[PDB]
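Model the full structure from these sequences, guided by the hints.
Protein chains: 4
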Amino acid sequence: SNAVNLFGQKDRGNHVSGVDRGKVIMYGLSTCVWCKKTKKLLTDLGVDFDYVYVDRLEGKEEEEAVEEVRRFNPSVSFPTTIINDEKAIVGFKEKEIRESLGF
Amino acid sequence: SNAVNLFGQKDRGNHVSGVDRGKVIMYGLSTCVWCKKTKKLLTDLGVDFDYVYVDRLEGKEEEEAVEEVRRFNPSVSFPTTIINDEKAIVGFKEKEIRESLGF
Amino acid sequence: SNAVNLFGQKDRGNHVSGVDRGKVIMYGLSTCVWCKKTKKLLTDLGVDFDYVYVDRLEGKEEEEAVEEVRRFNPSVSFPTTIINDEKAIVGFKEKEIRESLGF
Amino acid sequence: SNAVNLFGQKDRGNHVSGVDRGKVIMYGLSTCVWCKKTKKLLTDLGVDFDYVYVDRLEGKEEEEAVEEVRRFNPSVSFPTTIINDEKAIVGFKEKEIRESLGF
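Protein chains in written order, with the entry's author numbering: chain A, 1 to 103; chain B, 1 to 103; chain A', 1 to 103; chain B', 1 to 103. A prime marks a further copy of an entry chain.
Source of the hints: derived by calculation from the structure; they are not laboratory data. Hints are supplied without guarantee of correctness; some may be wrong.
Same chains, same label: a pair holds when it works inside one copy or across any pair of copies.
To be verified - Only pairs whose alpha carbons sit at most 30 angstroms apart, straight line, appear in this in silico DSSO-like list of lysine-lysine: (1) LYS36 - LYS93; (2) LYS23 - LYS95; (3) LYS10 - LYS39; (4) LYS37 - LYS23; (5) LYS60 - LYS37; (6) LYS95 - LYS36.
Structure, rendered in structure tokens:
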């Protein structure tokens with residue numbers, strides 16, 4: 001599924017038709033090559049995951065997304081992929097992502 | 001406004017928090033006197049609403065907004081204020097706006 | 001005076017050799033034409049003012065700047081010029097800025 | 001990392017909070033094994049420091065960093081760890097790093 005902002009731009013997606021590996025969420029930017037490469041890895045692993053484009057959010061939603069990223073990644077950098085509310089992976093780290101997800 | 005967001009995007013509109021009387025979206029243009037007057041009235045009525053400056057959207061998104069307006073307003077003029085994508089007010093028509101919002 | 005971030009980029013200036021009009025601070029982005037035009041207006045009025053480029057800040061400083069902007073301007077848009085901790089002006093609004101500053 | 005900040009900038013370095021033993025800046029390069037080893041040691045020593053990847057800076061800023069390194073290290077190699085722009089350690093030299101930081 002996906003959601004748009006007020007301006008019609010996609011700001012979130014939730015892929016929930018593959019393999020359940022619990023809560024997996026990638027915070028990214030809509031203009032971020034490495035974020036797109038991380039999304040492609042998650043897609044190619046077949047895992048359920050959500051993604052958020054923080055630069056497409058507004059108001060309290062944008063505030064809340066940044067605070068979530070900062071909690072797990074004080075740099076507030078992208079992508080930040082949070083796995084099972086426990087493990088945060090900053091950047092496109094291919095081996096680390098696949099291993100953390102059980103591959 | 002000529003202000004930009006954190007991410008450098010021009011002012012495309014906004015959400016004004018208030019009393020939920022439906023999903024209310026004012027489609028307008030960034031310079032348009034009747035749009036400004038309609039936005040101020042909605043603001044003065046305290047209703048939850050969004051306003052969108054169609055001229056500031058990216059092309060594809062502008063089309064989606066146009067089409068949405070066209071459903072209620074075959075001439076495609078601004079402002080057009082749409083409630084729950086079910087009913088609409090064309091122009092600065094204060095008594096129609098109040099009645100359609102349930103005041 | 002001015003300050004740089006860790007990467008050597010100017011992130012703040014304080015002009016304090018002209019006319020004291022109290023605390024005047026412009027929050028802007030380093031890449032923002034209207035922010036630069038606002039800075040030029042403040043310079044041309046001869047008033048003491050500070051400016052901050054929020055996109056050049058890091059860590060807690062960036063967090064604190066955004067929170068200050070949000071307090072006065074929930075949109076978190078730029079420029080936001082805060083005059084005497086009381087009056088916030090969003091965007092390049094030439095007449096409003098000069099009048100608020102006593103011209 | 002390949003992560004970018006909110007504003008889309010590549011990882012140019014960072015501030016690691018710790019015990020203030022002076023203004024400590026490690027000038028390094030984004031790929032450099034000895035730089036990584038030196039950053040990990042500083043991290044393990046719990047000292048407040050910054051690290052900067054000179055190769056990721058804009059040109060003028062890269063020059064300022066180079067010159068700063070050149071003052072302590074006429075060959076201009078990385079890492080060079082500078083304390084209060086007064087003394088420096090060239091390379092991954094653990095005992096020199098500890099002694100120069102006052103441990």
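Against the structure, the hints:
{"no.": "1", "hint": "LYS36 - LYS93", "verdict": "both (13 angstroms within a copy, 17 angstroms between copies)"}
{"no.": "2", "hint": "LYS23 - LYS95", "verdict": "within (19 angstroms within a copy, 36 angstroms between copies)"}
{"no.": "3", "hint": "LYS10 - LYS39", "verdict": "both (14 angstroms within a copy, 19 angstroms between copies)"}
{"no.": "4", "hint": "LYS37 - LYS23", "verdict": "within (19 angstroms within a copy, 34 angstroms between copies)"}
{"no.": "5", "hint": "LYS60 - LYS37", "verdict": "both (27 angstroms within a copy, 25 angstroms between copies)"}
{"no.": "6", "hint": "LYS95 - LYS36", "verdict": "both (16 angstroms within a copy, 19 angstroms between copies)"}
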